[PDB]
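Of the protein chains in this complex, all but one are displayed in their positions.
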Amino acid sequence: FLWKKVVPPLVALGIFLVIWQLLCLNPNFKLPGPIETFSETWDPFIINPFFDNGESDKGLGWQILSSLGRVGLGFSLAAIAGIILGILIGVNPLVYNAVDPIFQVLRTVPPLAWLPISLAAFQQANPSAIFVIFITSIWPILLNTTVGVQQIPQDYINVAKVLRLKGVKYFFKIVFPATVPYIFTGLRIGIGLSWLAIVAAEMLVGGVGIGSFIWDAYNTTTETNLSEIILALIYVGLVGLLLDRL
Amino acid sequence: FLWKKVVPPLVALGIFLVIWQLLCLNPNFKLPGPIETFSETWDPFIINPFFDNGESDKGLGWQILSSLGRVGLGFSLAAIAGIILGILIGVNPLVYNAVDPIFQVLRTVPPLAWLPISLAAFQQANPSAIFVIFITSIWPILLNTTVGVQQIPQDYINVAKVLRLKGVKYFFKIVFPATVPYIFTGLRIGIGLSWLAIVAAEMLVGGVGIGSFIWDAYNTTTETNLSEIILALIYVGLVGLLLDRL
Amino acid sequence: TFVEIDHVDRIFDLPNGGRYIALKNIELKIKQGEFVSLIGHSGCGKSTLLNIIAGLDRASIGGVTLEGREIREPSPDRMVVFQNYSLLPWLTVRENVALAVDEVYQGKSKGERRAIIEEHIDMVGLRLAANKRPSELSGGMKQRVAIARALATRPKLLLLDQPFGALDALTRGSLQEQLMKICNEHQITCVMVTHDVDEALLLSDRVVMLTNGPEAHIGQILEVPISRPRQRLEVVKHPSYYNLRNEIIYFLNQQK
Partner (left out) sequence: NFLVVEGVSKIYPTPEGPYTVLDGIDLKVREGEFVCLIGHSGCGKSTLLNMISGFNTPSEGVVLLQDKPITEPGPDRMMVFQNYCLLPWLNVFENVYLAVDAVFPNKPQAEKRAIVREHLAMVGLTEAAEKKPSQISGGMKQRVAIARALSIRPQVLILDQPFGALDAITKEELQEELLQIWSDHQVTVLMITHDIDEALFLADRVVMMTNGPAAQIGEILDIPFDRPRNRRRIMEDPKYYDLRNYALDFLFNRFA
């Protein structure tokens, strides 16, 4: 009996779905409404995913699955690296003061700007896409973990100081359980940034994968142009929603 | 006597600056080193910024300032919207459970995918670029604020409950001072996202501004191609570093 | 009657395979201006019962009535001295007391409010530390500012949860005074949870004695027949003083 956890999402989904339709009543609003969006792409895509038409036309089932393995590998590496680095940076404030700026200046680089740099570093262009995902969705995990460790109450540290809790024992018994909201919120933001940089990351691979489907649909302006990308974004959000609740 | 706050950043700056040069000893590493990056772009760019040689060729000072005025308005709107919302959705868990999914699915949208949607909604392309910056750098501010409010200790809530602290007074005396690390961490991540989507955002404006300079240098390959974008990213990072300490 | 309790019966979920009954069938009527102690064993339900009167806790079945209206939420006229002192670490001693008396007395020209804060700091003797945060105080020092902010609001009903636990002999005795005269000068009814028998008899009019263990109920409501003006010296000289004191220790021993 979930009447306050499954129904309010649907009630809230009613808004932003009807007012979106009413927003199209303005003639200047060229964005297609839910009726137009879900009917123009209904026949080839919404009817059935997982269909192959040769070349790279794989509908949307394979496009969201091919990019899922790219963001999954990129986020997993960034989650591991971000958490370990954040804990190490959170302790030893001299180290945090040591690499403070070269982490700040390196986290403002757009993924599109990472595209040529990663090409030169990795001359395969297959792991280059992984690096763009990894280097983009790592700072929210790194920053939140670092702030979480720095905000540990002195009461827990005093308990750790009296006992011989240092090293792996200190991190697994004091640092991690205390900084649960910070680390998991960083992972939550990191999940969104992995998908936020998939269009740029998949600019070096074939036409299979969501992000290549978005890119070439944006370049080619057709009648069913905006509807195709909007449906792709919905698929990304739903997949990112399941990844969030995990 | 700043010996452990200004010196360690420069000592840590020596690393990643000499190993970067040492990484170019490998012939397979096509990325330019620090010496050639700061020499190929030395004459026209590093010698003097703020030089105007025609439209879209306004050196680098105007490029880093035209984009600064775009991210400044975009981040300010997102900072206000995220904080005010994060408090409102942070309290009232029924509202948080209501719009949980429509925010998760709306925060995985890449800024490049926001480009066609923003044009359709805003047929001026001047505020549409601001919308891309605003909608991208708002979720870490929103997500961290909601987590911070939800993690307010019951002791502070008990003090506010016994007294008649509710509404505006409750936010400015309990919610805000307690959730300082959470809100400010989101703002720091939000600053990084404003510059993270500046290349995509300025795809709809003239050639002035960083992001147009990055894009057109990536499209056209020259001898000083990778060096120019690396120098531009350094300017963005230093500006972001100044904005971070604010 | 001023505050009355019909049939409060607190049940805690204990999600994994249990059902804990902290309280059951508590009947108690407190008249206006009466000082009531709530002595008992540690962990028997003194704070849980005290919180229900305060409104911070909701009784499962039953209710608490205050002047004919049901209690369902915390209110400033029921200020509580919290056992953990519930101090705000970002506010100084003066600001912690200031936060308490700014909403109860809105519209006071900000001139009298400053005087109220300062003179209540005088009562607990924290003048030399009004600019110190809770992180740079002591346990007893943190307790005094907790009661300083509670007395500044002049509640109709005052709820005290171990208000003198972390105090030495002189300060606790000195702070026992300036509390009964506030209850005497102003029409303040006080419900106090204490573990010191020698101070329960000095302050209270009758002593509610809870029962150890789960499903706690009110054991005895024995009252002190001592004159209201008490100076902690002649009250001991009363022949009945020791008789009540040994009765208190008697019931506490039988609950072992």
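A, B and C are the chain letters, set down in written order, and residue numbers restart from 1 in every chain.
In this text, contacts are C-beta pairs under 8 Å (C-beta built on N, C-alpha and C of every residue); 3 or more make two chains touch, one makes a residue touch a chain.
**Q** Which residue from C:197, C:203, C:224 or C:244 sits in contact with the chain not drawn here?
**A** Once the missing chain is taken into account, the touching residue is C:197.
**Q** Based on the whole complex, identify which of C:21, C:91 or C:166 touches the chain you can't see.
**A** C:166
**Q** For the full complex, which residue in C:2, C:12 or C:105 touches the chain that was left out?
**A** Within the whole complex, the residue contacting the unshown chain is C:12.
**Q** What is the set of chain A residues that contact the non-displayed chain in the whole complex?
**A** With respect to the unshown chain, the touching residues of chain A are 155-156, 158-159, 161-165, 169, 173-174, 177-178.
**Q** Tell me, which residues in chain C touch the chain that this view leaves out?
**A** 12, 14, 16, 39-43, 47, 83-84, 129, 131-132, 136-141, 144, 162, 165-172, 195-197, 249, 252-253, 255-256
Convention: only the chains that are shown with their structure count from here on.
**Q** Per the centroid of Cα atoms for each chain, what is the distance between chain B and chain C, given in Å?
**A** About 52 Å separates the centre of chain B from that of chain C.
**Q** Per the centroid of Cα atoms for each chain, what is the distance between chain A and chain B, given in Å?
**A** 16
**Q** Can you list every residue of chain C that touches 2 or more other chains, as numbers and ranges?
**A** Residues of chain C never touch two or more of the other chains.
**Q** Tell me, which parts of chain C touch chain B in their complex?
**A** Those residues of chain C that touch chain B are 54-56, 73-76, 78-80, 82, 84, 86, 88, 90, 99-100, 103-104.
**Q** Along chain B, where are the residues that touch chain C in the complex?
**A** Answer in residue numbers: 155-156, 158-159, 161-165, 169, 173-174, 177-178.
**Q** Going by the contact rule at the top, pick out the chain B residues touching chain A in the complex.
**A** Those residues of chain B that touch chain A are 4-5, 8-9, 11-13, 16, 28-32, 94, 97-102, 104-113, 115-117, 119-121, 123, 136, 139-140, 143-144, 147, 150-151, 181, 185, 188-189, 191-192, 195-200, 211, 214-215, 218, 225-226, 229-230, 232-234, 236-238, 240-241, 244.
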